[PDB]
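Novice: Residue-level listing of the chains:
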Amino acid sequence: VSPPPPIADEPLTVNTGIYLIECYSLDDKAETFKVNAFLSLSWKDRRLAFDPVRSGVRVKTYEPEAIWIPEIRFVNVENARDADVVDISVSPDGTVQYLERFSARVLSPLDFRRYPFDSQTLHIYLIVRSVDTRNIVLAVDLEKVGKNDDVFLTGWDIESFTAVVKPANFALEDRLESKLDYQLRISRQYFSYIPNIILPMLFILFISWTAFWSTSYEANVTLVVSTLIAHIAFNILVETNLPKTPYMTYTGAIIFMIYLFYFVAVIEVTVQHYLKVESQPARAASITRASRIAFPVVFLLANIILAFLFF
Amino acid sequence: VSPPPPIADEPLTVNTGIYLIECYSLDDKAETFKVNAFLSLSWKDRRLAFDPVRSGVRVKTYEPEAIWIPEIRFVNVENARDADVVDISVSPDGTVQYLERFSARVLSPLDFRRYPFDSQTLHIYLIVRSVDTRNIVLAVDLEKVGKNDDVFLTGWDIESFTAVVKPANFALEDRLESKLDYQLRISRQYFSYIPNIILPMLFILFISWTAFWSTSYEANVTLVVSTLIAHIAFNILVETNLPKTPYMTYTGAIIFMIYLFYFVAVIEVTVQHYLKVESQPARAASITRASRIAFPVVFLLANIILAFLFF
Amino acid sequence: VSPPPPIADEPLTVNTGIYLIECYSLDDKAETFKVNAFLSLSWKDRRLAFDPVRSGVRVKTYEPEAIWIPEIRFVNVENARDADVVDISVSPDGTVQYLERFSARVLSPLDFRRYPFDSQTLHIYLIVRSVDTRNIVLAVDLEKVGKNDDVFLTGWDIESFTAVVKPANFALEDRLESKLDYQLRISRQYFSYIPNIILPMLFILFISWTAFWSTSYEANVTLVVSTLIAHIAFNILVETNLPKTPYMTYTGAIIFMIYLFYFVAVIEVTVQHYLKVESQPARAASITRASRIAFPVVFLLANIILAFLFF
Amino acid sequence: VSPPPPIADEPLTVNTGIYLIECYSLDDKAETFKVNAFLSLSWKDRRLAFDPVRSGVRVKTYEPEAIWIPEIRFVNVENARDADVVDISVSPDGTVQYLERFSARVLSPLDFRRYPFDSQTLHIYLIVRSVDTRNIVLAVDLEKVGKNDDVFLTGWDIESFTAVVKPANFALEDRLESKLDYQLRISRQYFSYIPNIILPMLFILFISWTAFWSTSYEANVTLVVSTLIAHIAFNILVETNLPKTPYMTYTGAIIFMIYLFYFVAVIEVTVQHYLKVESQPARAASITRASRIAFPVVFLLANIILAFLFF
Amino acid sequence: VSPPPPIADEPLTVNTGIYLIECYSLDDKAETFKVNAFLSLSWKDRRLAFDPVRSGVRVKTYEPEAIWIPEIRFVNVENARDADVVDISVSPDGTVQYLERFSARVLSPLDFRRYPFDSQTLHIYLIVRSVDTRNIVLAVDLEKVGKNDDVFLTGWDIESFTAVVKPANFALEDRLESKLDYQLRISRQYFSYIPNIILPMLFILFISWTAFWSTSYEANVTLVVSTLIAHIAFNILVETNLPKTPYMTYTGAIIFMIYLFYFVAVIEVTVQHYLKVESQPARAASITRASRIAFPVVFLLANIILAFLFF
Ligand code: NI
Ligand code: NI
Ligand code: NI
Ligand code: NI
Ligand code: NI
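Residue numbers (the deposited numbering), protein chains in the order written: chain D, 5 to 315; chain E, 5 to 315; chain A, 5 to 315; chain C, 5 to 315; chain B, 5 to 315.
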């Protein structure tokens, strides 16, 4: 088999569509997601044209090996898609209608800068390589691009599944390549982060600040060091659900900043004890009373600055 | 091969049945379960009809490639099912009886709102796409729907395995689609959660309340902060076996609430110490004595409110 | 190909044997184990009978596709076995000798009630479904059931590999099914549990009891709360390599009970401090002296009761 | 099919090229990385030469089975590459242009000596074994060696992808072997290690040094022992993202050294208490004041020595 | 195809060789290792004899399907090897030279008794089953047994790769089997265990011994209990990289022994406090001074005894 011959000099247009059946395993660390979908393909092959009166059939069903089929591939997949041909139908004018159901593990970078209040645009790149006989170009039929209503991605809200209608045509290894960008827009369900991570982390930090209403150095050391220990258990838990980033994240910035608050609280507790031992308690009292206001105020202002820089 | 021709204009009815052989790996985090079952299919193909007197056989056995077989698929599967044809039998009137044994990893959402006292309805969606020649519709043969008595799902009680007899007929990519819903009802075995998670978590909380029978600030700080540390090691264990939900769960609500009790206990311990340093112990004594009753009472009432809202 | 015809009306007997080559990956959490073995099959097919003088051969070697072979399946496997046919030999009287080497992941429930002093009976269920032409029944040739001497299952002692000679014949979807039970008896090597889990867990508990020889409330709080923290680090470890059981395990019972001992020790430490603050030390001293005997005695008796209930 | 015959006695030159499409899963522990790329092959087969005037075609497209293709393998792969032939083009002189898209898991040792400020040279070894008819030699077509601009390896900067143009020709199992070395140079994005590991680890260490401004033995013991506990919860995190190295790593050296600082701090805290109990506080004061300068100074100088030895 | 006929009654000798290309993933817990190697086979098949003068050719090249090839298998593999035939060369006398490149996951038990100063003998068992026509026996061609110089097994030193030249011939399921033992001798690179596990574990133990230079019960309780807590984080980290054994390991013995030292240190700290409260400090002082010598001395002697028993 060889590609359909051009009537003039035009490229062969292969109309595409992806219909999502299942979306699962969005792996934040691996920056992958698994997909199960329908891939629809359509092109004109005049050599397959027939007369409906003479043949007695209005449509002709072929096996993939019997006819020419464009070699359509995905760019950003781990391995080639697991595909099963559902139907191949040829109309009298030779219009081929191809339908396959496939499953694939897709590589798609994630921007964690605004985590856990982030939105992502997952990509599925469709590609076709031109042949020596003729150039093959891809097109999107938007009416054949969609998703099942039941498509759910645990911990995410699915906004839209669309395609950038204009393909990216370029040369690769002395042959033209036609690339389509299918985009799955998702937004993170941040709800659970508030009672499970944000508030417990704030509670232990506020507990360390009770040392500003205590003159007992031994109890203060216990308060600040134990909550810092209680905080270490929380930081590690964050940096095992996310991959190693070259940039600063919203949550990473807050987590780092909270260490400074523990560090300055230890300095305050040390300074307070040192002055009282040095028979300067009136002074230690001024630093401790100022700390009661300074620590929550600086914490609030630093968080407003951070939220502003990130959002 | 082509589909059986209609006598009038009627759709081809494909009778289905699923008999569960094995149920395993209910993954709460992934919201998947693995299944090993028999899939039975039945339809009339008049082109395969025969005379029993002339043929000398009452039933004819065919290989899948020899005859037309409907392309039946599962909607909510990770990859296409691993299937092995067991038998194909044709009766004299042309009624085909197809039997295959398959294994599949099924995507089925779980509602954790009442965890660990939750019940679930797992779904297995059977689907068939109509062909150009004729429309294919699915039906349930209730006599061929069941499960092996030995079918066990570790940590769960299997209630029933039934099918919604009326299919969901709809258009998908300019063709008719007939969908059946097979439902596996299960209820969680909550027993082990009581001695392993609930009671140990309550023990450490009650230990923090012993600070209400102590005037020693340094020992009180040690009691409340250390048990809060012990509590942290328990929340992490629970959350890592469940996915991220946009709603509040029963266990998550209790776990969050217990933090407030640790936080208020620290305030009480701080207030008590502050008043005694300020030479107001009669007052500190009133707050501490009230706390002895308030903390268990508010804990009991808040749990009654939570149990009411969730059940 | 069709099944061998019956001389009278008798069912076709398929003699079976399983010879274990490798046993690996006994997964306690998943309740699975992997197996690599030989599966031998034997049956009489008179249509394959030949004269040795005329044919010039004493044995005939066939390809699986050339002759009729019974569809033998395993009941309790995750997916269908990975099998490779080794040999098919036909004797002059039509006796077929089939041999395949296979590998499979087997689902077999484990009873953890006596863990880590437990024994298990792993099962491999062989099954055959009858055909319309005739009924197929399975048989065990005990001389063809065995295991390689080098077969090792890490952390377990392999006792025996036998088969329940009488098959379980039953009707399933209007056809006879013949099921054989192959049993692999194993006993857990409990040795390492003594120095690695049991004794370290007992050491920290006995360390908490040193608080009964101390009047220092602050040191006592540190002793009991820190060892309870040390006990938490050991419980989590056990409840990860074990599934969520609807019943109570031997180790689970001991682990739960040890919490009560920590809880009562905290009450004692609190009661002791409260009485001394109330200028009643003679009384606190009586409770503390009684606790020195009561705690180890109640611990010993409760363990004797538990060992009796479980063994 | 047989290899192309030599015109004189020359070896057959197979021109190669690798174009990277995807780079993912650089597993530090396993010392592997996954690759998805184009493999281009080119050689002259005179038996396939044709006249463009007579044939009416300027290029001829063949199926892999129709013509002779060199058996090209990768040396350092876990299993054989998953390959799909994209195109086979023959020019009139018989120059074959072969193109396949493949995916493979590559074994490439990593040098962690300078971690997390390390750079690596990943290798992909191409190999061909000579046949009895003639010797096959590999060559690099630099114009067909490259990478997609979007090629990203999470946590790494991709510097270059080049090939050592001269093959390593050698005898292996009584036949000639021609080996090419494709090199992917990468440098680690160390940025995130500073706020997530380096600074938190330094904060807890500096917190232990506050004991040099305290005379309270009980608070000092709490400061140094608790931060050492906090440090233990950091060493474990690093040594589980790397394999077992026979040499010393930069990070491993720092982590080990920090233990000595905790150990000497405990000695100082013990010596200080011992002298004060022995009524020698003037002396304990001299050691404590010296420690305030000695500990940060020795820490800085030891880190300068380490940085010098490693970089 | 059928096996080569015997000239007299002798068994067919199949000469074997394994050449290691890659060694990776030595999994201590699973007791497996992955291998990528060349498997060479050689046997005489007189039916393939030819005259070099008449045929012109000195060697004949065949496709695997064209000639008879012995069914060679590996005993201790998880699944059947992934094999690709490289070459099949037939010499004038009928001597066949077969070469394949394979990859396999090998099951090989590991003796952890001397861990981390252990050496292992990994096994690769080659096997052939005799046929009805004649008996097949295996032999080792030592000239075809080896390994690539670049073969590296991370964390191990590769000593030798040899074969036990004499096969183990035995009857299995009424046929002869010929088994060869290929041995890969390796020794563990223990270096990193010293700064990463051994010394940090010793540091925390020595820190607990500072309690013998302190009269402060509350600081002593903090010293011994906190380092015991710091020790638990080091036993779990070790016993998760190794499987459960029925015997005792070197590292396991040391780890167990260190618990006794923590336990006796708590007794000493308790006895010291008890005597001082009982107005017997002269006696408490004698026990504490003796402990300063006894604890390091008994630790050294117990380690000498352990090293002697294990090495
Ligand atoms: Ni497929
Ligand atoms: Ni299958
Ligand atoms: Ni197989
Ligand atoms: Ni492929
Ligand atoms: Ni292969």
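No wet-lab data here; the hints were simulated from the structure. C-beta atoms are modelled at their ideal positions from N, C-alpha and C, and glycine is treated no differently. Be careful, since some hints might not be right.
Where chain D lies over chain C, by a calculated footprint (3+ residues, C-beta under 8 Å) [claimed, not checked]:
{"no.": "1", "region": "38-45"}
{"no.": "2", "region": "135-143"}
{"no.": "3", "region": "175-188"}
{"no.": "4", "region": "204-213"}
{"no.": "5", "region": "216-226"}
Novice: Name the hints, by number, that the structure is in violation of.
Specialist: 2, 3
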